[PDB]
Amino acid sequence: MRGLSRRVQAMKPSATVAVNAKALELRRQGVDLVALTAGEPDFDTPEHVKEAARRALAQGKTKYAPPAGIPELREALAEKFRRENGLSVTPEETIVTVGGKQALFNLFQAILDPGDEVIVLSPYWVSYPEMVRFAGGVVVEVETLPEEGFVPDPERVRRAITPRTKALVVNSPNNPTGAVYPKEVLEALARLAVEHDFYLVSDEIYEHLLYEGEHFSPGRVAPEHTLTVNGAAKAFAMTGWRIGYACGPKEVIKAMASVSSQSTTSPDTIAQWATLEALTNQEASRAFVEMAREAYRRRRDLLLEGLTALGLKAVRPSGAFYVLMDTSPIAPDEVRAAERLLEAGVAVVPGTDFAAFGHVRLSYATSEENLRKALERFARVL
């Protein structure tokens, strides 16, 4: 018989997709929309990285790479994780993937048997629950509150642990909230993993997009329980390159490379060489990160002042480039809110898919000029 598998059939439809199509309708009928929907840097990838790609091409590095990545990059990864994150890892406890999303996907395929439970903290990145379910797992959600600045309360996470708990996913700096979790909270979560024996999955791709506080990595205290996920996409404006990386327990990294061998073989060889330059030339990369961080901070401040002036509520973000805005004064729910804003000329992402009901995610990875136009149209709606 023909027909699709149960797993692919159990994929819920996005609310973002529904609003996106309407936005195209408007653009097509000539409506000028200011988009605050981007999930990637507006900056282009830095030249030192582009130049390394050009050299790789000229040197004919166009052949299959090992499943876990080019050895040079794995060594560079071991250094980065130790130097920047205080993580005690060897090159063999490192892996290169097709974006940080593939590292997460491979991870769940490697540790989840049907029925295994994964604790997710809402609001969450849309992809976490889908990948957990795809591998046959069970999503157990724990809520973080706006009045607590979207920082998890360890006691609330405590209530979601059962004997079937396999993993707990933590994402700081956070997408969609922009919250940076304090080290004491992160240490508390790591103690739960060690006490209850499960994996702590730390999604740290926004580590360099930090305006205040410090980025702490839970693997510093519980290396055998923690799988650290990261990548080049957000910090180096390399979303289209598809290069992610992770480190953690040897047995898990090895299993993750086995999954890559049966699915993608290895990430694009030229992108691996270009990423190696991003990691080795610290001087040029630092210059890009500081330039981007200063620009995002200015943009965040501009946006927040404006929202506040209008009376619109938003928890001040400490990292990444997103702000979750309460839509109560605009409409009774996010989707309706998103549609009215579309009609006023502003495209936003409804919070539905992230489990951030009553909110809309705004992205400031745009120009100041665009941010001021958006605040104007927002004022009209009000």
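Residues that one form lacks are left out of the comparison. Just so we're on the same page, rigid core means the largest C-alpha set that superposes within 1.5 Å between forms. Positions refer to the first chain, counted from 1. Compared with the form deposited in another entry:
- Just one of the listed positions, 313, 316, 336, 27, moves its Cα by at least 2 Å between these two forms when the rigid core is held fixed, and it is 27.
- With a cut-off of 2 Å and the rigid core superposed, residue 17 has a Cα displacement that reaches or exceeds the cut-off between these two forms.
- Every Cα shifting by 2 Å or more, across three or more consecutive residues, marks a moved region; comparing between these two forms on the rigid core, the sole such region is 12 to 31.
Output the structure of the form deposited in another entry; the preceding block shows the form deposited in one PDB entry.
For this one, just the chain is written down, with no partner chains and no other molecules.
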């Protein structure tokens, strides 16, 4: 017989991706709207990275790369995790994937048997629950509170652990909250994984878009229980290049490259060499990162001051480029609230699927002009 599988029938395709398409299609309709839905830098990818790509193209580096990635990138990855994060990985405990998303997807497909539980901290990124269930696992949510700055309380987390717990997913800096969890809290979560024997999956793609505090890698504390996921996407404005990377226990990494060989073979060879440049050319990349960070910081402060002045509540973010705004003043719920905003000319992502009810997610990864323009419309809505 014909027909789709149950797993695909159960799955929700990316909600953030979906709302972006809608806001983009509305502008084609000539509709004047300010989109605050983007989850990607407005800056183009730095020139040094583009040159590395042109150089690869010219050198004929267009053939298949190994499932785990070109050796050269793996060595630079080992160096980056070591130098920037304190992790003691070897190139063999490193892997390159089609974006950080495929690092996570291949991760779950490699460690989840049907029924295995995965603890997810809410508000969580739209994709965690979907990937966990597509692999057959069960999502166990542990709540994070705004009054606690959206930082996890390791005690609420311990109370959600069961004999079925296979993994715990931490994301700092956080999407959609923008929170940066303290070293102490991360060490605590890392200890729970060691004590109870399960995997800590640390999603660090926003590590460089930090404005206050410091970035701590739990993998320093629990090295054989931790899988660190990262990527070139946010740090270098390389979202469309599709290059992510991860490190951790050699056996899990080796399992992940196996899934890669039977699905995508390996990521784009040109994009791989381009990324090698972003990582090794420290002077040039550090320069881009410093420049983008200060621009985002400047946009964060601008946005937050405006919300405060309009009497809209929002926990002050310390990383990433998102803000969860309490929509109570606008409507009784995020869906109706997001509808009103769209009608006022501003597109936001409702917090429904992030489990951030009563809130809406804003992105300050656009021009100051757009931010100011959005703030005016918020005003009239109120």
